[PDB]
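To start, I am sharing the structure in question, which I have written as structure tokens.
The other protein chains are all here in position, but one chain of the complex has been omitted.
The chains carry the letters A and B, assigned in the order they are written, with residues numbered from 1 in each.
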Amino acid sequence: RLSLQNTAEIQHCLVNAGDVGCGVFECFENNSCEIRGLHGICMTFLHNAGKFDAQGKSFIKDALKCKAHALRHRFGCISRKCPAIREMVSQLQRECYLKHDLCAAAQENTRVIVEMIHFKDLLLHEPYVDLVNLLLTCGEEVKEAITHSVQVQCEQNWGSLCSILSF
Amino acid sequence: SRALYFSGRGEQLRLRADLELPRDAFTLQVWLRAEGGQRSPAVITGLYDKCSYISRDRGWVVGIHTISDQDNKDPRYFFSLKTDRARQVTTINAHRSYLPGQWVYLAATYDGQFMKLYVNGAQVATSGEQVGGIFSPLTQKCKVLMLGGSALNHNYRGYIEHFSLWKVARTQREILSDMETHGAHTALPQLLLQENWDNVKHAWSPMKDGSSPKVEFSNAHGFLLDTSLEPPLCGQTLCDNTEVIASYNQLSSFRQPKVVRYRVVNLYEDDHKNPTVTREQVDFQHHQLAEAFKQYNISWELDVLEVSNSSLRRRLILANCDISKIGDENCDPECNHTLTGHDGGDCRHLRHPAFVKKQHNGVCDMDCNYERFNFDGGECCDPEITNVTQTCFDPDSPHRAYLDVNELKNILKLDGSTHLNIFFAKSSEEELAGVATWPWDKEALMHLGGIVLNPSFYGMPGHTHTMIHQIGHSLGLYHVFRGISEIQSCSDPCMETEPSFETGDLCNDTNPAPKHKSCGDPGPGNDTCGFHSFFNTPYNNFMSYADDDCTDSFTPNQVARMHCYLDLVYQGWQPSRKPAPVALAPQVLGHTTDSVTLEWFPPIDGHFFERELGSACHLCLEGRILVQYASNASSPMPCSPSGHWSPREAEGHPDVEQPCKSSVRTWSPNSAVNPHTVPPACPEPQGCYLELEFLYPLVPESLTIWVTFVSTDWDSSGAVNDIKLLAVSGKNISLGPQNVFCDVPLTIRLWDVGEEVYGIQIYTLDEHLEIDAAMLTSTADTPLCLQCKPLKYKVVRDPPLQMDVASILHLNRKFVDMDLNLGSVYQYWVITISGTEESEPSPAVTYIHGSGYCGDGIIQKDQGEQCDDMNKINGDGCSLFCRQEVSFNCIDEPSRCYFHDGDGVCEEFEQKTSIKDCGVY
Partner (left out) sequence: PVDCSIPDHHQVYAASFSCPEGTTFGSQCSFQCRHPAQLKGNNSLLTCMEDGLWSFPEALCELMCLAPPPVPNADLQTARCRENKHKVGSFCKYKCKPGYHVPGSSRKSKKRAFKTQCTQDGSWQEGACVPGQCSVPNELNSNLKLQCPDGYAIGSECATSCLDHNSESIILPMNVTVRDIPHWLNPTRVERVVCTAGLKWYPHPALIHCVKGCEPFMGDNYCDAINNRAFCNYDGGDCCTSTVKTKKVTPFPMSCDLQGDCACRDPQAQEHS
């Protein structure tokens, strides 16, 4: 259900916005298919990139580049219907992060990734959900760390409801 | 006489410093044939200062640049000048966008207080801002006169012939005299330069980089009796012209009986049962058609076509519906229908979440057959599970239950060039029963054109005059309520305020009427604008929306339109082999003490050669040059390996109503995709390409491409990255990037191509560029046009020619009468002989030898001459028929016409209309 005018403006965005940084993700936001969070992933990663180590700075150099470039191409003749777009974005996350070894970089900066991930931001944006899911299969120690943080944040924000859902 | 061709790639000339350039006053005079798609700006010639390190704008420049610089759209001739003493540069322009491929006498003068620009001798611009001399004698060595472009690569592409430069300003009579000499050479004291290009190196040295333009033999300076007759503002073809249509109106010999064949497409089941229309329908409708058309000299020959195809018969044929609009989640009532899934579900909402269980069931039911449920995943479109003809509602499955008439027309591939095809559909609208192709479309004679009707409204008592309405549409008749209900707005420039030949339905005898269904006179307040009430409306005319019980007649002007279009376009339908007549009376060129010269127009259909079936000569023009449009068209399917595809909108003659606006009648890379799919970007630097093939491969001479729309942003590549000529032997000559204008057809000359070219490939990096059509013009005496015989004209005079002339026949459309007596009245008409069958006589011209006429240079006001310029060319202000053109005022005798709407001087008759000069009234 991607609006035709919305599609036109996004298409003109991509050919103009540069690869580096996240000018690309900027106006892929506000899309008619409600897909939000790519630009948030950019800002979260870029702001917290100062806390990453040498390997982490490499990962942020090249994973953001993969997603920018791939969203400039996979947004080719993909179906105008929303479910196809959500799948295209999801596959961007999986392929870009896995190709660039998300697991080991996250293992080097577990304490950082825990700070970056927010329970609130997790619910608002689907790309965040794919990010945390890929982290869960990136080492038992890291997955344990993520579980600790997510339950405490959910418990504070939801009160007894979080404990009810956390069987 | 020789002419320079500037290829636009860097060939420039520079006048040698031996000549004393003019300081105080000057006059440039150059014949030129500019091509389409120039670089903006394109300096034809200019005076430049080579010493001014800071202000290069000093000096003057004559060239072609776009008015409305934002979205370069309107390329006009221009004259810029900045004297050494002035503060700003001053630019004046022509009245209209230049015409590519036409010889134009561009003359520009400056007398020291008034700079003026003349196009074909009619003063089109004037400015008094620049005062004083151009440059002081001290700076005389610092001025260089350069032709073909500036040193800044403001290059010009096209022909330049007989450059001339005076050191005085020439009044309009002097420039007109110099134009009529047509390159004749003579030395005058005020002549600095006169160039016949016999020796370019003698006077002009090429600019640096050593690229000099080529020197051809000029085909001609011009042609007497300009035969180019443009239709009016509303009109579309030569039959909308007031002069042409007057001949069909006044004369009764132009409406002789004509038999026109029409074919009825009757679909059938495989067992030859269940007709789409019963034989009673065809017989009854044919009888009613014959009765209505009997009195108007049109009789229809009935051919019935039985197609026994259940796979076509059982499906629902749709009219006015577009398959792309089904399932787009936007409600489309015209594609509503039971077998289309109510627009594929766009127009049918319900408690959808209550149907999740029915998914994955493996059996078709009803609720899952929609686009948001994805049509049950193809269970319903499977012939094995269920029954497609009532279950396969999807617009993508080839087994869908509905077609549209465009696909039905594609399937049948009927010969539309010899019959009027009557297809049958299901018109959902209560307004019309179908769509009839206009005579001025591509498909008028192709397999995709004809008439689509509703079988429920065909041959039924009370519904028979819907086919006669549609037939009138297919013969060029507009709706009588055009101009009020079919106008764009109340400010439409040719809305029919009063009965006229140039507004509305282009039929005077049909009063303005609104879109009204009852055949009483419309009531007060039934007007969209409400400016005037309607009286004596043609409520009973076939072209009105009244019921079949009251519509009974065509007005005599509408009958004239139908017969004009039966000679212009539909010569193929009629079995009669009478060639089309000459529409206009033989014009009088000039008279001597003992003779008179007559030149007449070609026959109205426009063909100069005898019509032979199967030959290519119906495309040949005078001089045996073959001009053809893109027949094939193919362009790779985007984001698909191979894909092939076939963009039929870029075939045939150009059909875009309004250039520079996005249209559906073009090839656009974005249009190549499924509308339910994000359009890709054109591949990097090769571009999306459109292949156009031409029916008759031949040695090309010039290529014309109608680039209707261009996105406005990038550079000067013109969005046409490359053009390749597919040679027959297998080569492919690349022509390099071309500059295009959105409203001027990109013209290219192919003098370098020596091999037979069968097609082109228009590459583009633009995802929004739109190509309307192409055109190949052959060289003179092309092989295919040699054998076919030419049309021959026979001239008949009243009184008859004294010697027993057999008319000696004719081929040149020029007759010199030697036998004349002073003061005697003579009448002339021409009869077109195509083999041995003579056409109807052309309208007569009455020339009284020794007296005046139209085109003698004397304004005989009694004859009706509003102007007279001793000349038979339109566009010089005074029309061919001795009538002032719009926005041109003509003074003196013979007439000197000038463009007054913005000549820098307000006048008496300009006060009420011209705000540019006289201000707000």
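For the reader, a short list of remarks on this structure follows.
The working rule: a contact is a pair of C-beta atoms (placed from the backbone, for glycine too) under 8 Å apart; a residue touches a chain by one contact, two chains touch by 3 or more.
One of A:43, A:123 or A:136 touches the chain omitted from the figure, and that residue is A:43. For the chain missing from the display, the contacting residue among B:9, B:16, B:85 or B:532 is B:85, taking the whole complex into account. The missing chain lies against subunit B, touching residues 52-55, 83-87, 131-133, 136, 138-139. Mapped onto subunit A, the footprint of the missing chain covers residues 18-21, 43, 46-50, 54, 57, 61.
We take it that only the chains that are shown with their structure count from here on.
Mean C-alpha position of subunit A lies 55 Å from that of subunit B.
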